[PDB]
Structure formats: structure tokens, C-alpha cells
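In the block that follows, a single chain appears as C-alpha cells, in the form solved without its partner chain.
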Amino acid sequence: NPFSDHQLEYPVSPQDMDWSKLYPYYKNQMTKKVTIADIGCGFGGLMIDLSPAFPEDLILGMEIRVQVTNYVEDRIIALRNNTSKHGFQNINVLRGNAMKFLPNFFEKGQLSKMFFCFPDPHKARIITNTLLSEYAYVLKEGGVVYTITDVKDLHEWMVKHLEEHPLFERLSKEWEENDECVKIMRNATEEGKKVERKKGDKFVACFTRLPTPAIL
């Protein structure tokens, strides 16, 4: 019953995407896939910091504002230029609305990490468990959703729906405290550096994408 949305006769495939233009350095064919996604990345700070931490992972920021994504593109081109032969070659940005069906972008289980760093607290579609189900679809079993905000109400709203969904399980404080991504995530971004200035609080919460029960 509760997992019907995830045991599918006709699972979808992504639309055609020339990832080689975003990560030409892995053009043999394409050598890797995007495995880390920064949803609503803003000016790209998180990606910049994750880049060296995860030199083997391709990292993609998705940003709905074209002004910001046009800017971020010039920024990572600068970072590549001013840099060894692999520097910042594993990050790029994409103009897109993450609420418009992520399975158009990524294969099933493609991603190991999804970051929602200081999301703004329903034009294209209403926010629902269905959205979280689309996130679960593109997220590997064992993958993690990383969540941080200064807005207690947004924090509690995200937590409420993530724990309601049957494919997400909250990770402990201990897990968070020993995780390098939580550390980076806390102050990698302009909005995060803002909040500490305002003496604000940083509400973190992380979830594992549970394995889907087997159907056969």
C-alpha cells in the first residue's frame, strides 16, 4: 500500500541532456554522472566548497533565477581558469525549477546526495509527498538529503514531511556531528554567512533514502 508510488510498472527515464557541455573534462562519451545536487544553490558557495572535498563526484547546482545562474557560470569558469588541471572541473550550475519533476533531469537512483541549503520559506505545482517521492526516485537507496535553515517554521515543516514519507529516515545528531557535509553546509553559502552575522540559529536535519521494499 504505502509504497505503491515506488513500486512501478512504468518507471520514467530522464529527458535528453548534453552533460558534456557542463563537464567537458569528463568527455571521453561521458565518464561520470552527476551524483551530488545542490537544490536552489543561489550563488554557488556550497558547490565551491564541496568541489575539493569530493574530487571524484560531479556536483550540480540548480537555480531557478537566470540572473543568478548566469553569474554562477562566470564564477566557476573563473575558478577553473585561475586553477591544477582538475580544479572546479567537477562543478557546474543549471537553470531549473527543482519542483518541476526532477526525474526529467536524473536517472533513478542516480544521486547520492541532495542539499537544500537555506531554502526560501506553489506556481508550477503544490508541494506534497509526491515531491518528496520524486526526490526519492532520483536518490539512491542509502543516499542522503541534507537540510539547513534559520527559519524554525521552515525547519519543522521540512522535518514533518520528510518523516511522514515512508522512504526517508532521520539521521541522528551523532551522525550529523561526525559528517563532513554537515560541517561544510553550515557556512559555505552567502546566506549561511549572513545568518551567523545576524546571530541567528541554524536548524539542521538529514534523512537517509530508505531502500524500497522488494516487489519482484
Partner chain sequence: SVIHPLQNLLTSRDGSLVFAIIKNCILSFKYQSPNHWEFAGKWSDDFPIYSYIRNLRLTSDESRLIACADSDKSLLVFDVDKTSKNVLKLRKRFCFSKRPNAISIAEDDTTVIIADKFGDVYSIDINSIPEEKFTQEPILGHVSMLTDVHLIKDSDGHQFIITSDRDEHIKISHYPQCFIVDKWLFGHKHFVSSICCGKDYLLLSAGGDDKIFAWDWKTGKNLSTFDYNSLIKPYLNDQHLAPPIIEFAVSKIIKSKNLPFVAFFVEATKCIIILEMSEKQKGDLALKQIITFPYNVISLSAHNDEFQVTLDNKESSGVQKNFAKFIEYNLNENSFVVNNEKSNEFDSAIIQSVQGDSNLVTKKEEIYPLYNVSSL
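Positions refer to the first chain, counted from 1. Basically, rigid core = biggest C-alpha set you can superpose within 1.5 Å across the two forms. Only residues modelled in both forms are compared. First, how it differs from the form deposited with its partner chain bound.
- Listed in sequence order, the shifted runs between the two forms are 7-16, 125-128, counting only residues present in both forms whose C-alphas move 2 Å or more over at least three consecutive positions once the core is aligned.
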Given for the second form:
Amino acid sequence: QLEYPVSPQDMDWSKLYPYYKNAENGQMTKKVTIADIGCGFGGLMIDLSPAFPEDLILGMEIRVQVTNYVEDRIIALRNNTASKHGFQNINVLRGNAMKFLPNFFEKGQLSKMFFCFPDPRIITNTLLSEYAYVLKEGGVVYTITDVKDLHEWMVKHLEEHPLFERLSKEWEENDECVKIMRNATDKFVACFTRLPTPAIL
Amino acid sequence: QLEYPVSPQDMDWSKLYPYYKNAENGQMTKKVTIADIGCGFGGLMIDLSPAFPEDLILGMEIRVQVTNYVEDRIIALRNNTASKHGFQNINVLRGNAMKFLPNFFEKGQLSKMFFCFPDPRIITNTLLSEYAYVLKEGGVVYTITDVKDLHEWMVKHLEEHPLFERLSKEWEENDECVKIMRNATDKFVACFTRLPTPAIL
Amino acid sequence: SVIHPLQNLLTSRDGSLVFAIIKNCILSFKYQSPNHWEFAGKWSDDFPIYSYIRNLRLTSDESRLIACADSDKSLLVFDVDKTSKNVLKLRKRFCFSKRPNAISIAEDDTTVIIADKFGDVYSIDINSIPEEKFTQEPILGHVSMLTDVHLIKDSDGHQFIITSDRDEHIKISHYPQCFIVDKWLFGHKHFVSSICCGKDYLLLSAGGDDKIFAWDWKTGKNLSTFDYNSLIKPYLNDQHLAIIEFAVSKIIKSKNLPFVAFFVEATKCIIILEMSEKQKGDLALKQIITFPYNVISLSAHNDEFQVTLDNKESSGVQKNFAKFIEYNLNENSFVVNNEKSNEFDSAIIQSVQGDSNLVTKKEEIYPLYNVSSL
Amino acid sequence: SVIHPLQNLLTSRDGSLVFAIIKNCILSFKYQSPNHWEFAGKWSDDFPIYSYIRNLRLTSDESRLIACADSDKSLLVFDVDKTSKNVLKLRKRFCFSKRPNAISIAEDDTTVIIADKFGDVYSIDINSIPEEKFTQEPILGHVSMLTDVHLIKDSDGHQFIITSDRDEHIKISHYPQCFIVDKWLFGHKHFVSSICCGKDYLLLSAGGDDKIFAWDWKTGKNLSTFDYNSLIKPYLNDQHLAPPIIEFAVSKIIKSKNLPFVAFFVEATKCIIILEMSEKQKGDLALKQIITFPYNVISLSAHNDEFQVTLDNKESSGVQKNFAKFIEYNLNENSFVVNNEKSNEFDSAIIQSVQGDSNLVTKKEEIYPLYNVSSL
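Now the other one: the form deposited with its partner chain bound, given that the block above is the form solved without its partner chain.
The next block holds the full complex; its first chain is the one shown before.
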């Protein structure tokens, strides 16, 4: 049985990210800002951790065994570390991104969303509207797979949705996230910017 | 002689936008977020004012007679008003956007930049990098002119700059800012998203 | 020999036309006061497995009537002859891959919003020719089961579609720009079964929760909640055994009066709250109305509520198929119109006899309690 | 008959090669201590109107020397023969639409960053063949006049180009991703003329302002400022009188290579001021010494831990002396001191390298203007 908040504002993040709890206020000093959708065994997260030390990164997986594995994995990383902050910005929870994203994240909360080696649909014309909701204007969707068909599927829906625009190969070659993606345990990549919403005042 | 700040942090905004000064703190409750580059007689600002009541809007003009005209104009609007907030979010200053934008605005501070009926260059491959600086990721550049040649000039440089992407006609038809633009005293329009900067970590 | 209970009523705007769902059939009746009911036709669906009919809706000009057929996963469109002896003529059947669950007609009065069992929402132009094989993508979607749809409009004429689901969500999207989610209303701890839209952005929602929720939907703010637990408790029976589990089945608004009615599934009452004129969103109990059987459907026509009852197990002469509740200005209270109701029972009995389909064994009666399954 | 004053010196890394600008010419001299100067060639620019030569720079391998020719709006590339009697061979001329004003060689040691008079910055591969008509867009640009360029590198090997301008800006951009402005350093009230880069992100800047500015350029924070007004005041003359009242400007600020010293000079004064960089608190400056000369300082350069100065000796009498000074640090005395022998022999080497040439030895009014930073 999944655990998820009644609203994003009811979500207690101080248990997953205890290092960013203000001891005085009892408040969070930081918010989750990067999301790994289908994080699997947590590799991409591990590599993102030191690359984005100012950012809270959350992985989501639906498989229970896999999430328990990852919890233990990061707990270890945290204790096997010298500094008082090593891997403190990274964590996972068991959850269904296709359904409850808006329970966890406020509107425009995330800067980045990763879908790396998705299982041959978390990408759908219909699901994209919900992702657009939690991803800020200017935020990006990162995509890597070894399945050509899967890559072309992801590309077609992202490009057809009015709220997403593909980033150029030149952009990818300069982006650190793309490098980290390409180096996480025949690789087709696509990235997309979350376009600003047309003003309906 | 132009007056501009030594740094954005030294800028006192409480004189242009007195209604957003916290009487207790002596602090600004809001920041300038929309910019009309070459605001002329202030028409577009007047129309933006009630459409974006939560937003501080600044017009910049280099012509001194025109700025004095606009100062008096908005002062009037402010007093000729019932509410305690009418046109309180709009103002102008004499300055050179081609040179001192970074003196007034922090990095990624603005959400929107308007260049409406620019004089037949405030748009240049070289100037675009500075605009990219003060315009947040996801922010937009709005463009309208009656000169076909001018429109194609603006379009070429915006589209060639790696940090800008044209928004679709579908996007424009849904956007309030485009309507307000098209209705401010043969109209070619182009709009651009400030793309996210490739991460050079 | 028992007559299949009525599943729903739908009253035309003037009140002279009433439509009823029984099993896979729609009966039309014409009405003139005081209490004259004339049978005006029977349409039957001619396509375990229960051929449900649901969601009767009249277009604005009342030229046509629409509904959903489960047998067919279709949107039925009927032509409505206000004069004919048989009032309904089935003229179209728009088929879908998953069965429609809720519908709403668009402002244009020609576009129908269909929300299906699987979470997708489609639009259909009822003027268009039914495509033999259905070929168009959802306009938007949830990954949970969709519970209700409402097209809705702000002051500026901007359209929004509100969809609710089995996973406690109330989503507000732009229409026709459905790729843009406006917001969600957060607060429900349990599935949401019913929404109704009020004045000045007031919205009311209910379902598995213990409370009725009030929102300003422009604001997105939850104005307040009304706890009805200490009211239906006495009405709960051993059909609420799952350990106490109950759910609002429908919440609906009077058209001019500041009143809202709803019913909890498998109880024998409807509860009527008053909407505060002083502070928008504030609710207070006004009245509870009890009936000889479980309420099975709840509807409103102007300032009257109609109710339909599960009278499967009466004895002798089968009575109490429906009730018409009217507001009594003198008494400042809602009261059943027994004459009009009783004559209706009479008109029902004689409209339906002969039909071996509608009058049948008690176990050959479609399941009547279907909101608890969420 | 007066010899044109020297505009600049550039000393090779070991100290044995010295280059000098005079008018439209570059002279090379070879050096061996104590105080032996050998003439090693003269190149002249063979293209109101003053054919300035500026910005002498040696590649890292010292195989080539680059410079800017105003006559031509060109980037000159010379081959450098450490053995030949004539050391310089002009081998390329890269022409531009506006004249180069400042240059910096990239980390690759083959790409040259040219900042022009109009505010554009170009890159040039010196290995490439000079295109007869110039055809490439700026890499970045300001709308004000560009004052200085420095390629620079953070710990991670990331490159930045730092550009300063006539409108008080110091811009820091990513390189080669020049479409991305990293930040600006804010503080100057007046044009900035000169920047020099130090250790651990320390940057020093100067110009029209009353103070030398110290920054951490990664941070972008202004660490502190050093007010030098109560030092040059006595040195100010009626060349600091400003048109239709006291106006002066730092012309160049430069760093010792190993010692914690910074030197600079105010245009049309006869001194250089030397500050010490605090080892205790980064960015903190304190006066160390002022060195006075018989004439106005016209250029300021550094070779390892020594400063060279060049002087406006247009108006000497009899035997023209004091063209340049070599200042060395004396560990014993804890102070900077002119090396008179080496300087004096240099004057001697200059006099005999240049005589005969009617171009370099000429009327006093036929001497290129020497004070060009006040015009900002």
C-alpha cells in the first residue's frame, strides 16, 4: 500500500532529508527540486548527488524490493562518508509518479525530471500535462534509453505537447546532466524544456 | 546625465514603487519583474498594469522629455484612482538598456521583456547574451513591429542565439500578453522563450 | 412479479417532461398539474453483464436527449418530440473503447465531454456522423478512475473542465486548451464521487469522506467542510459493513434557493444543508427527509428535489418508486408532494406492465448500489 | 634631434630577450648580466594618423610574438629567432574591421582573443591563413568601448574571459560558451582601464576611480578597495587639468610573479606606487613604496619579480637618457630599488640601436601622442 500526502503542503520531508531540517524553526531549509522517475537501483541519483550539492533530489520507484534496497544503499553512503553532508541531499520513496506527483510537488516546484532507461508508458500526451504542472517554466525533461522505438515514442509525445520543446544537440553537448546520464550503468538521448505557459488572464 | 546603480543591490526601488515598501522593515515586498524596453509614452505599461497586479513593471526610455511625460502620466493615474493600489505597480526611468540593464536587475530577475515597435538596434546577437542574463529561464521576450524588415531582423538574431527559442503561433493565440501587445496604440509578432542554460559544472 | 426500480429521473425545464431510467430502458411521461401523468413512450436498449443506461441529459434547446449505454460503450443521442405519443427517437450511437462514466455538454451546446472508466476524457460533436471505429485521442486524462465531469466558465467566458477521480483528486483544466492544468483542489482523504458547481466560484464536493467540502475554485481555497457523520449514523445498516464504511453518492443544488441536498448510499434519507449568504462556503444543516426505502438517486428541478427509491421488496401493491420534494415558503421547510408522487407510482405501474423485461424476478434486477466500489 | 620614447617593454621568461615598442617599430635586444645589451633587430611597420604598435605578447613556447598594428587594424604574428641577428620575422597579418585594443592568448596557446575599440571580441587561430576580407562574428560584445581582456581559468579547468569597458563594467563570461555571461563585478564609479589576475580568484582592477579594487571573481564579491588619492596628489600637474579641475586615472596595474607585490601608475605622473597584498586576509592592500623618476611613467611591466618602467624623456637636454628603468626587489633591504647599471646600459644600447633612423630620431612634434587613457 502506497503512502502519499493529502496535499504537497502536508508532506513532511524532514525524515527523508533530515540534514535540511532547521533545528530552531523545525522547518525545511530546502525543497526537493530534482526528480528521478523510475530511479531503479539509484545509480543516477548517486552520480547527481555531488554534482548538485545545493539541490534536493528524489527518486521514485514503484517496486518495493527495489526501494528498500535503495533506502539501505543511501543510508550506507551517508554513514560511510567523511563530511557532515555527504549524500544527505538524495533519497527515494515508493510511489506512483503516473498518479500522485501532484500530491508530493507544488506547481512549478521541480527544475529537472529524469526518465532514464524507462521500461518498454510513463510518457503519454495525457501524462505530460501533469508533468508540465510540477515542472517549472524553464525546467527540463531528460531522456535516455537504449531502445530506438522507445526513444522515438518519447520524442513524438514530448514534441507534440504544446508545453515542451526539444533542446538541440549543441545544448546537450554542453550539459552536465547529459554527461552524467550517458555515464550511468547504444544510447539515445532527448531533452526538453518546459515552455512557459501562455497567459490566459 | 543618466542615473543608474553601482550594483543591483544598491538600487533603491522604494521611490518608484512606494506602495510596496514595508513600513516596518523599510524593505521592498516585491521586485521588478517585467520590463518594457523603449516604453515610449507608456501605453503598453498602462495596459499591462491591471493585467499583472501582482507584478512590478518598469519601463525604460532614453528620451528625457518622454520620461518626464510618462512620470507625470503615471503619477496622475495613481491619484485619479479609487483603490489604494491603482497603477501603483508601474513606473518608468530614463536609462540605457543597451548598457546598464545589469546595473538594475539581478541575474534571472525578469520574467518578461517587451520590445514593441522598436525604432528602425536594441536587438543584437551580442546584446542578446546580456538580456539572457537578466531574463530567468522560462522567461519570455515579446516582440511586435509594423516593419517587416525589422521583424525579420529581430527574428533572425533571437532564433540564432543559443539561449532563445521561438514560441509557436498556437502559443501566441493563447497568450494574454500577445493580445495586449496587438491592442496597444499591420502587426508582426514574435515571441521567444529564454532557454535554460546548459549546465557547465 | 416486481417492477424494476427507477434508476434516475430527469425533468425538462418547464416540468412537463419527465424521463426515467429503468434497467435498460428510458420511459418518458408528460406532466400537467395538479398531478396528471401521461405515458409518452418507452425506449429499450436493443444491443456478469448488466446493460446499464446512465447520465440522462437534455441539450439546452431540449431538442435532443443524451445518455450512456454500457452494453455499447456508447453515447446515445435521441431526438425529442414534445408532441409525439412516443417522445424519444434514438438517432445516433457514438461508440468508445472504454465505457463512458460521466458526461457534460459544452457551452456550444453541441460538444459533449465524455469521461471514461479508465481516466480518459473525450469530446464528441453530436452533429457529426458516428465513426464505425473510434479514432480520436483523449483531450486529457488521469491514471485513476474518473468520477465526474463538469464544464464550467469564469466571469470572462473562459472555460474549464473539472474532473474528479477515485484517488481523491479534483483537477481543474483549461478548455479547450486541455494540455494546461489550472490547479487541483486538495483536501479529500477518500475517493470523490460527486461535485456540483455553485454561484461565484463556489464548488461543493463529496464522496468517501466524512465531510462535504466547499471550495472557491478560482482561488483553489477550501472554504470549509461540513461533517455529516453524526447525522447518518442512525441510518447506517449492515450494508455499511466492510466495520463502518459509507459514502455520499450525489450532491446537488437547488436552482434559486440557497439549498443543497445529498444522499449517502444505502440509507433511507437525503440531507439538506443551507448555503450561507453571509459567508460564502459556510454550510449548516437545514433538514433531513426520511423515506420508506433506500434512496437510489437524487435530482433537482428548479427548486424541487426528486428522489428515486429501492422498492424491490415491497408487498402486495408496489408503491413509492419516487418522491417529489417541494419547498414550502409558508412552513420554511421541504415537504413531499404525496399526490404528485402517488400518481407517478400509478403512472409507472400502468406504463410498465406487460413488459416481461421491466417486471421480473427479484434477482433479475440490476445491482443498484455502485459507489461503495471505490 | 630626439629619439622617440619607448612605448613598452616585454621581457622573455628567462630575461635574455627584451622587446621594445618605439613609434611604429619593435626593437629586440639580447641580455646577459651583468648589464650586457646586444641589439638584435628592428622591425618597422610598413603600411591625424599615428601608426601605433601595441600589446606585445609572447606565446607560451616563445616561438612567436604577437602585437597589434593600428595602421592595419591587424594582429601581427612574428616568428622569433632566439639565435638570429634579426630576431623578429613578420609572418602574418590578421586584419579586422575595427582596430584591436587588447588581446589575450587562450589556454591552447594558439587562439588569440582580440577585443576591439567598438566593444566586440573575436577569436583568431594564429595557425590559420589570414582571410583577405574578414568574415567571422564576435564571440561576445559590449556596447561600450572595451578596455581589457583576460582569459582565465578556475580550479576545474573551466575557462572564463574577463572584459572591462569604458562604462565601468567588468564582465565575466564562459569560454568558449561565450553566449553565457557568468557575472559582472560591480563597484567602479568610473571607467576601468586595467585588470590583473591574482592567486585564488583574486582580481585587481583600476582606472578613473580614486581606488584600486580587489575582488574574488568566483564569488563576485568586492573584497576591499585601496584609496590612493592622498598619494598621487603631490604628483599631479597641469596635465590633470580637465576641460571647460582635478582628473586623474590609473593607467596600468600589474603583479609581481612570486612576491606579494602589486605596482601601478597614474597617467602623467612621475612615479609608480607599490602595494603589498595581505597574506593574512585575501584582497587586503597596503602601501609598500613609491618610486619616483626623472620623467613621467609611460608604461609599466613586470618580469618575474622585477618591474620595468618606460619614461617620457621627450624633453631632456644634451644626451638623451632615462628611456627606461629596471626595478628589482632587494631582500636585504626589504625594498624595491632601481638597477642603475642595467638601466644605464640599456639607455646606451637604445641610443646606438636607433641612430641613423630618421623615423625614430625626429622632431619633437613628430612624436606619437603618449597619454591616451584620460580620453575615457
